[PDB]
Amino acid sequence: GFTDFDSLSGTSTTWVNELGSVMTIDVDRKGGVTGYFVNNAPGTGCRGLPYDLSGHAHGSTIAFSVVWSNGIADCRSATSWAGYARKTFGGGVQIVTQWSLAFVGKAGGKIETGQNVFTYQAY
């Protein structure tokens, strides 16, 4: 059924990345993305709490952002993802993303990049 992100308009979906961190997103009729990110990555801060997520999806690309502060736990960090839709020959749907990370540690501000692959959960 999935053609591109225009297929998510009006839907509520859960996605998991390769370290078992979970994004639950509502995509509105115009491709506006709202929802929650839960960090489960071992040896990271701010685990197991929902963090507000916001972004936008259009055609075959998507981008979304979290700041790691929610009034419960603050990890002095922010993450954003930019990505594209990938159809597996298995049948399923993935978002291939590159994340950008900014944080303030003991040596002040730092920026990092890496990959995350999100797999649609058919709940």
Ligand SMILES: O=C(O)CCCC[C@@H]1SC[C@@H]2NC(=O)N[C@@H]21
Second form
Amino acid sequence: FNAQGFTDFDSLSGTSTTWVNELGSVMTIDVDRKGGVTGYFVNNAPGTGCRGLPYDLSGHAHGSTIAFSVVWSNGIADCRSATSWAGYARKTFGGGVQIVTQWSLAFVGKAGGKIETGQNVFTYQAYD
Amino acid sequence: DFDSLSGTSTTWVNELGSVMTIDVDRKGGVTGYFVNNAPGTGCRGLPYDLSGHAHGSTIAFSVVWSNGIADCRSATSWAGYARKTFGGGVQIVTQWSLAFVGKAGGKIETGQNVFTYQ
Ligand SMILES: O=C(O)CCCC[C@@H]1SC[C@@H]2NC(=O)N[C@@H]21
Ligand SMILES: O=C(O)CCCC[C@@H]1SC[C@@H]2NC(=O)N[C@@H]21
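Could the form deposited with this ligand bound be shown next, to go alongside the form deposited without this ligand?
Let's see the whole complex now, leading with the same chain.
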């Protein structure tokens, strides 16, 4: 891959790329030639659980839009929660590549079922 | 909760009239399809690929609205929890985010869906 040659998510086709959000979480995504997305999410967000473990990620990328899902359970740590992201690609003016997303985090607390929401921006990691 | 659903195929319907049929593996991995019928939306009537994960009382899944027939240039992801009510099965109480790019740029809309198991 190249951050220079990125047109939209069709450019990820048959690639393995690493993205880091503003909380320091990292996802490694394998995008097949059909826009199928699989890989791993490592949550490093301060004051959240299930940090520094790989969780299965699955989704779909097409044109300028992408959606992916993680359940916070891997048979290691279980945070009784699940997160989904939906977003769009943006080319930065410096030649970088970002996925701007909205996440929903569902969990069962003491008061039972709740849903939190926010924004993550993932930045493509060059790794040359 | 969704630990029951392991190795099963289930149909769910939300209040907007959409139907998703999900296949849950022994690992909590989810595939299947989604048929949108929400008033005011595109890509109504045809199946779209669905992927995500389910474990215990929570679930997250994603649909890109392109299937090689109709392309709405958009993607939706849902995260939700099992609510037990007064029947067999559960409802999924969800938050959805819909991403698309148009004339005011990349936009992400949000709402609630409640899916009902048949
Ligand atoms: O605390 C939990 O229930 C499990 C980890 C959740 C981390 C959330 S997902 C939304 C946001 N984006 C991140 O990278 N981490 C937090
Ligand atoms: O209009 C589009 O861009 C494609 C279809 C979007 C359907 C939305 S996804 C959120 C909401 N819940 C549904 O069941 N359908 C609508």
